[PDB]
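A.B. asks: On the provided structure of chain A, position chain B with the ligands as indicated by the hints.
Single-letter residue listing:
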Amino acid sequence: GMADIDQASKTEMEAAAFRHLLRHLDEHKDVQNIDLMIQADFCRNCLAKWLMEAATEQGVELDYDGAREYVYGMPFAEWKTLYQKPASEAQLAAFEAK
Amino acid sequence: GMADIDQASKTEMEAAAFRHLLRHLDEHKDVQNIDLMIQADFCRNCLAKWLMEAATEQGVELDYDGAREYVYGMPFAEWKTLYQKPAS
Ligand SMILES: [Ca+2]
Ligand SMILES: [Ca+2]
Ligand SMILES: [Cl-]
Ligand SMILES: [Cl-]
Ligand SMILES: [Cl-]
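As they're listed, the protein sequences go chains A and B.
The first sequence: position 48 = 47 (the authors' numbering), numbered continuously.
The second sequence: position 4 = 3 (the authors' numbering), numbered continuously.
Excised from the complex, chain A in its bound form:
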């Protein structure tokens, strides 16, 4: 199991799995952040925030724009223009519900 694997390999595997998640989300641009928030309490923006937190743990610098640019594969502003639809009344309500 995981307990049996050397730390360096485990870190590489967890890193690889994270990058896989980024590709998956990039391949499903129809999957909206507000729906991720409603269903699962996280979205692409949270992954960017979590990277910034990890940057602090590693003594390195990453700001939110840089983190988002990495997560989205381009500047957030461009992603928003090209791909994002604003929330529906039902999504706002359902977000307000949770």
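If you're looking for bench data, these hints aren't it; they were derived computationally from the structure.
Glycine included, every Cβ here is placed at the ideal spot set by N, Cα and C.
Incorrect hints may have been included.
Said to hold, decoys possible - Okay, the calculated beta carbon distance ranges per label pair:
{"#": "1", "chain 1": "B", "residue 1": "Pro-74", "chain 2": "A", "residue 2": "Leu-91", "range": "34 to 44 Å"}
{"#": "2", "chain 1": "B", "residue 1": "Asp-40", "chain 2": "A", "residue 2": "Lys-97", "range": "16 to 26 Å"}
{"#": "3", "chain 1": "A", "residue 1": "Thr-55", "chain 2": "B", "residue 2": "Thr-55", "range": "29 to 39 Å"}
{"#": "4", "chain 1": "B", "residue 1": "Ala-7", "chain 2": "A", "residue 2": "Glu-95", "range": "36 to 46 Å"}
{"#": "5", "chain 1": "B", "residue 1": "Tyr-82", "chain 2": "A", "residue 2": "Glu-60", "range": "30 to 40 Å"}
{"#": "6", "chain 1": "B", "residue 1": "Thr-80", "chain 2": "A", "residue 2": "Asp-3", "range": "21 to 31 Å"}
{"#": "7", "chain 1": "A", "residue 1": "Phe-94", "chain 2": "B", "residue 2": "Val-59", "range": "39 to 49 Å"}
{"#": "8", "chain 1": "A", "residue 1": "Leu-91", "chain 2": "B", "residue 2": "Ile-33", "range": "20 to 30 Å"}
{"#": "9", "chain 1": "A", "residue 1": "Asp-62", "chain 2": "B", "residue 2": "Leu-81", "range": "33 to 43 Å"}
{"#": "10", "chain 1": "B", "residue 1": "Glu-56", "chain 2": "A", "residue 2": "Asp-25", "range": "14 to 24 Å"}
{"#": "11", "chain 1": "A", "residue 1": "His-23", "chain 2": "B", "residue 2": "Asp-62", "range": "14 to 24 Å"}
{"#": "12", "chain 1": "A", "residue 1": "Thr-55", "chain 2": "B", "residue 2": "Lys-28", "range": "21 to 31 Å"}
C.D. replies: For chain B with the ligands alone, kept in the frame of chain A given last:
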């Protein structure tokens, strides 16, 4: 940005963010795998499969039950009996 960070730190950050997502999902055991499949096209089993694929990349064995035990924080059988509900 991310391209400016040394490779070892960047790897550590990606791994940390993956472990954060695991803790997040463990904190939301209410969030069923079906809803994740519906809304996001992946679920906890997917994360475990991706970890299996990453193990192969690293020249180590991690089988599916091993991967799921890690992702879920306990054997999947036990998780299914305690947390999984039939789909409405
Ligand atoms: Ca990407
Ligand atoms: Ca866990
Ligand atoms: Cl979105
Ligand atoms: Cl957003
Ligand atoms: Cl489930």
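A.B. asks: Hint by hint, say whether it matches the structure.
C.D. replies: How the hints compare with the structure:
Checking the proposed 34 to 44 Å range against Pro-74 (chain B) and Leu-91 (chain A) shows it holds: the Cβ atoms sit about 40 Å from each other. Here the CB-CB span from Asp-40 (chain B) to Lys-97 (chain A) is close to 20 Å, well matched to the stated 16 to 26 Å. One distance hint, 29 to 39 Å for the beta-carbon pair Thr-55 (chain A) and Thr-55 (chain B), holds here, with the actual separation near 32 Å. Judged by the Cβ atoms, the range 36 to 46 Å given for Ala-7 (chain B) and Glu-95 (chain A) holds: they are separated by roughly 42 Å.
Look at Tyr-82 (chain B) against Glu-60 (chain A): about 39 Å separates their beta carbons, and that is inside 30 to 40 Å. As the Cβ distance of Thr-80 (chain B) to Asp-3 (chain A) is approximately 25 Å, the hint placing it in 21 to 31 Å holds. In this structure the hint that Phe-94 (chain A) and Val-59 (chain B) lie 39 to 49 Å apart at CB holds, the actual value being about 41 Å. Taking 20 to 30 Å as the suggested C-beta distance range, the pair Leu-91 (chain A) and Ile-33 (chain B) conforms, at roughly 24 Å.
Between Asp-62 (chain A) and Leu-81 (chain B) the CB atoms are about 41 Å apart, so this pair conforms to the stated range of 33 to 43 Å. Judged by the Cβ atoms, the range 14 to 24 Å given for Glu-56 (chain B) and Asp-25 (chain A) holds: they are separated by roughly 19 Å. Against the hinted window of 14 to 24 Å, the Cβ-Cβ separation of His-23 (chain A) and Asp-62 (chain B) comes to about 22 Å, which satisfies the hint. Taking the beta carbon of each, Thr-55 (chain A) and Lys-28 (chain B) are about 28 Å apart, inside 21 to 31 Å as hinted.
Hint check: no violations occur; every hint is consistent with the structure.
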